[PDB]
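Below sits a lone chain in structure tokens, taken as the form solved without the named molecule.
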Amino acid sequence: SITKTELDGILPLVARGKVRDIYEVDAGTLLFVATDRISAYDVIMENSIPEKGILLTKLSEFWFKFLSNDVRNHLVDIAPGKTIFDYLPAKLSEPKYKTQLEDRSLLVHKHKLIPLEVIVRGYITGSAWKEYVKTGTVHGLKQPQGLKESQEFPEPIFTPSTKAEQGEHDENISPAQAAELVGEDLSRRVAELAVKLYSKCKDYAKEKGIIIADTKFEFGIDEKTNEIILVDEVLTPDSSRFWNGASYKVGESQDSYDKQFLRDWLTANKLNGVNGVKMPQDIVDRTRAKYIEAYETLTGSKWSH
């Protein structure tokens, strides 16, 4: 279990997010290390979910491979017979550093980001449901009358939000606003590509028993070639709303696939939003089992006995 990486200056730390520790390898190259930290209600838990970061990294690698014909991604192309350790300072191969990084790290090319959170929704829930009940719209887009809670949209919809610089929160915008923001032609290409990727993964996951209700993509742009690049993490339970397909019912709220046990435990104790909370062991074990189940389900691989 890894909560926080400590590489002792061997690589420059760029930032610790909720879940990832980010290191700079060179001017053009970052190392993303997924830790075993978990958040709920915008707060990180004190203890970790063991191997959560390995599972999510392996899941992300799976999706990048699944989509390799559909879009370029930011992964560094590691040469046959080499590992990420051959691209890093030799000292990171010592067991004390190696164990913090192995199986949970992605070596990626730094790119200029398209300044949008590219959210695509296949089912109406969360903020989209709230807005719809009130106004009959989602990001100003007119919706059909009579949608029920958690119902599939007729087609997946592109519902971008701004990507706010530190110090402020992300605003929901309409596709026309995204066009003013990033350019008409670019915004159309983004929408086309995001809907294409989401639909493909949504259909695949549904056959495996998981409903991906919505997901957040982030895209970079190669300004030489004009190509859009998939960056960040892709289609994990931290970046997407995963629902259990077997229990899925229109006209109801759905349980969080991964975080329901944790959420119920916190709300029952009124600990939501409270700092320094330690999850009880049975909460840890139950939550860990879900990450493993998501992994085995989507990937077809067994984790262990």
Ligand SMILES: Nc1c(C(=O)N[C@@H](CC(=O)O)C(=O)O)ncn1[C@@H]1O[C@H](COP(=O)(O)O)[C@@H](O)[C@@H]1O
The other form holds:
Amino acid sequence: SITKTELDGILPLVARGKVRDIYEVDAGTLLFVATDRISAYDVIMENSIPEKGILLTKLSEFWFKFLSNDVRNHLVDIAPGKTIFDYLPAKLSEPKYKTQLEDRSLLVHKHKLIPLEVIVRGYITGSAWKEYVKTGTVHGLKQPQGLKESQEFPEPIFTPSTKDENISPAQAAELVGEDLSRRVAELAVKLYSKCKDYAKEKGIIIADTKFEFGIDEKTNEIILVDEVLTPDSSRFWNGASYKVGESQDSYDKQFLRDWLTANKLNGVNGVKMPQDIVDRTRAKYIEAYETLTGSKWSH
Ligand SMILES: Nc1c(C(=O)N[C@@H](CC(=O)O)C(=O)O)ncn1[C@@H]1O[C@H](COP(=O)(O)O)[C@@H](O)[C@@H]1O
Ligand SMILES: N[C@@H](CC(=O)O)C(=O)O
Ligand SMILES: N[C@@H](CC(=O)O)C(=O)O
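Can you return the structure of this protein in the form solved in complex with the named molecule rather than the form solved without the named molecule?
Next comes the full complex, and the chain you just saw is listed first.
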């Protein structure tokens, strides 16, 4: 497993998120490295899930391609017969560094930020359900009465947050502009509905998802950026066992979650997962990848 990338200053680090290490390649280009780190109850585990970041990188790439005729994206085009390593300093091809980067790294164009977490919810769960139980609203938006936990909304809804506080679409328009916010909300719902319909047919319900969007202002054009419709950016549910009126198991994280709670380790830093938990969680990522892409992992 790749837990933390160590590139010895060959490229400068921009950020380390929960799961992604980002490096600056040049003035216009970034390198997004998905590690095998995993989070639960808002803390990362001490050890990692081997090849998780390769699986989620490939899943994100799958969705980018699936949506390529719906939305422009930030991916740098790799010439045929070339690899990402051809676009990186020569040192990064040395075995010490190539092992940390291969199959889990994406070369991306820097675009102008749209500073919103563009969340779309097809089903009422998570912080939407919590609010709705209290006040019958979701991100301050008025909702129909009588919704049950995990129920599908009449239509998927744009419910933004700021990097995390849940905000209304009207606040999103204050933050990024009235016209832009509307275009963003409309595109997000469209992209979500298309992918959700496809995933459900494959047996996975994507309950909600967090997109990040950018803008190429030289051509006023919305760009799909960040990771796309993975179990880290979205809520994956088993479609066959779906039941309204209760919480659904996390498709990818329930085995881990169950272990943590059983040991009162939820929210605790520095927790090492036992091997059985690691192995089963890994197998769950492979299954999601194979189910959604149609590709075989390891065969
Ligand atoms: N909430 C997450 C999370 C997350 O918290 N993951 C846990 C992992 C876990 O315990 O399951 C972590 O430890 O960070 N990741 C993404 N999203 C996305 O955020 C969108 C809104 O989620 P909310 O919880 O506010 O309904 C919603 O569209 C997405 O689900
Ligand atoms: N390939 C273009 C995007 C596109 O062709 O849609 C870019 O990297 O900016
Ligand atoms: N029409 C927006 C500008 C934008 O969409 O960026 C505004 O409220 O100024």
